[PDB]
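What follows is a single chain, given as structure tokens, in the form deposited without the named molecule.
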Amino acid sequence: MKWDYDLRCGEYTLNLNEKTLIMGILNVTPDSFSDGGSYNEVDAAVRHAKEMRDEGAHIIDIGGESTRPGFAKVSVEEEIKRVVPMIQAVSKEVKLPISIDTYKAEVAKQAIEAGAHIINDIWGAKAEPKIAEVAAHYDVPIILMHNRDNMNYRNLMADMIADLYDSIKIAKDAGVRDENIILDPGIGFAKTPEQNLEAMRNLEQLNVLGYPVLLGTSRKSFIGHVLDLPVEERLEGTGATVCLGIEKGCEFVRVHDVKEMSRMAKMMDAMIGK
């Protein structure tokens, strides 16, 4: 009874109370010889989305070249040629809500038009505030991630909450309804390894803002820093972050390893009484 509403996603509806929601990460695998839409590139995305669906994903998060982990400099024009064909094919062939991982308003707009249901913004409407106008107009959920162009904090948690509020204000001023706001602490962004640990340790503070929280820690550098393990050897590390996140009240986890993290989340949910 924590949430008195469900997350409305067009033809899909996500219950926020019954289980931790698993968002599976789908990064584009660009064909070297085309700008987008080619069979090998799109077929790869579809096959991967189907696998994640079969492994327990509730949302498929689709990211083009300009987003994490690559951060390529690419025009919205180029970005649309690549992202839109993926959204079209995945939305047709995979019966799950799709999030578009972009900070660019025009990309978000075209993605929603192509069939995406949720906007996932690593800059929390601060890089391109018009993304909040797009969100409001289409009445879609938007995930506002904590992020900064600096790591000069006075007090990490207090600053994160203040920064997240600045994002909330941008979204609400644009007309985004409270029920369409989700927050993300931005673990692995604009934070030292030590600061990432401190944010994990204090994640429950985000709950005072009164919005659902999505945690995205999967395979991130700070896990490698602790364990001294490369990106492919971080299942256990990611797992610990997912478990602690759920214990601290997060509603979503954004993960690469859907099969394993879905099992861990299900076990956590059972134990905490979710």
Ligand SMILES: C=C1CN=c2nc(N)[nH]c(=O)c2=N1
Given for the second form:
2 protein chains.
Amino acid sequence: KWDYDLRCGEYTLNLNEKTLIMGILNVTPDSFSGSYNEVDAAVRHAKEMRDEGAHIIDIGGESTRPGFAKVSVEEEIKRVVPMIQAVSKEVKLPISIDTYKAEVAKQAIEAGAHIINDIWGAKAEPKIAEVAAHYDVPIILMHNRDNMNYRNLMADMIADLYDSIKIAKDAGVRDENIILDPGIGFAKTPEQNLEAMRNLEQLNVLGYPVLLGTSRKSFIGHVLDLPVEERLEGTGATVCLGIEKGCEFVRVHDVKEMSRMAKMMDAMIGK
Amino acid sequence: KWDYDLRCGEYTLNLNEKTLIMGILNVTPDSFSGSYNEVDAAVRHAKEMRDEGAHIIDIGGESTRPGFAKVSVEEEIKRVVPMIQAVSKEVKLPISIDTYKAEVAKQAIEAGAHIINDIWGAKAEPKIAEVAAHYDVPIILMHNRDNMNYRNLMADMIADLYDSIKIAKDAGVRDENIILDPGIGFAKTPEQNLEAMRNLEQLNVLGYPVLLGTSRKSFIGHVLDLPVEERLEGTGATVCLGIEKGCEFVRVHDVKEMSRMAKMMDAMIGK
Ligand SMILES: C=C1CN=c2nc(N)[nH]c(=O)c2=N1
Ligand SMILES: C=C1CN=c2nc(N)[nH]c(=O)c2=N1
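What would the structure be for the form deposited with the named molecule bound, rather than the form deposited without the named molecule?
What follows is the entire complex, opening with the chain shown before.
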């Protein structure tokens, strides 16, 4: 199916043999504070996920709360750089950096990170694509927008995704460095979120690997009527349908559980 | 989609609004023994499953071990009848009887059970279809066979299923009383089991509701390489793909978990 491999510095990801699991490592400060406690705790969680079946570590320090502190750019670099340096040293796994800021990604790669995960799809700081250009890394372009005016959800999603790919390409990014994401949980009502799930397969005609990020999200809450810590089965279900719909990556909190489900789908869908 | 409802005595099952969960109640004696302990324990488990989201209780006393006792027909009636009588009295839910024996089903319905679940698809005791005829109950016809010679798995499965439907129809069973089951885990290698999963959708052209029974099965074990008590995620995955492939029933051990997954799929597939 894919006639190429995802090239990340010393690591090489195969897009055909199995659904690739991206482990979420949330590194967002809950107060102003680098210290051993945090970095150490991030490493052990990364190690856990590696043990549990993860193929990628997604380090993000921009989660949007509640309970998280507002962090300025130069502050996020000081916080997120040490995290990257230690994890990539003790956890032999490619790391993505979950940011939409250009100067953050720059420093994250320099500090040893391999993939950019942009939740704004180069739209917030188009500069980020140039950083993606230079260091020649894979960049994940997520569907997002600043409003919810959709004529036709899927058609508009695909349009926005292409506007992103354009910015990427014009800055220098090769096709083989581009991953797409429907941005489930972003600027979509619970109903649109469902629709986008139901119609994921359409993104495949763009010709890029697709990554899905639905782990624990509110729309699962809305359907199942369940708080964030009780959305494993919901998440599960989304991961299954996402894989049946042709996704190549899933970005999840429950690496152990999700990994077995991804494995069971791969067998069934014949991956 | 379905222009009718599944009619079970006092209960009425809608085949369009949600994937219907069948709770497994295993009532197979592990030694020669009716007594309060057993019947009481079966009731509390039935109640649990009702609380957990089950829409049907499948009482079977013919599970094939290891550790279960060989039980003669007149012995199984004495054991399984009390179970039925108590459960249907204290658990307001339709009950199916998991047998391929004709005289068992007869007595099970008489004792208050609403659906027949035949793992041999009327092939073992065609008489069973006449019992299904008389009491006018829904009967589940499972794919099964006494050998593994398949020219073409799906085509042969569909053929066998029709041979079953024929026996059913000739004995008197109405179309609206027929449910089909691919018999995952029966006379199928782990590879065929997967194939049958991957191609489930084909059974839909027969025009009957399809029930899926994959809970905890060995082929999940073989893929995931995990013992029977660690196949929740595997099972999950099968249930998801089964629903995406158009199933209307799932027959499972982990009612709580599976119910949330079924619920999340229904939302996504728009049921
Ligand atoms: C909550 C988040 C934060 N970052 C994400 N990044 C990607 N790529 N996809 C997501 O769904 C996602 N959700
Ligand atoms: C192990 C069992 C016992 N009875 C069953 N009955 C049905 N209908 N389907 C199954 O998959 C099944 N598995």
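Positions refer to the first chain, counted from 1. Superpose the two forms; the largest set of C-alphas matching within 1.5 Å is the rigid core.
- No residue of 72, 127, 151, 162 other than 72 has its CA displaced by 2 Å or more between the two forms when the core is superposed.
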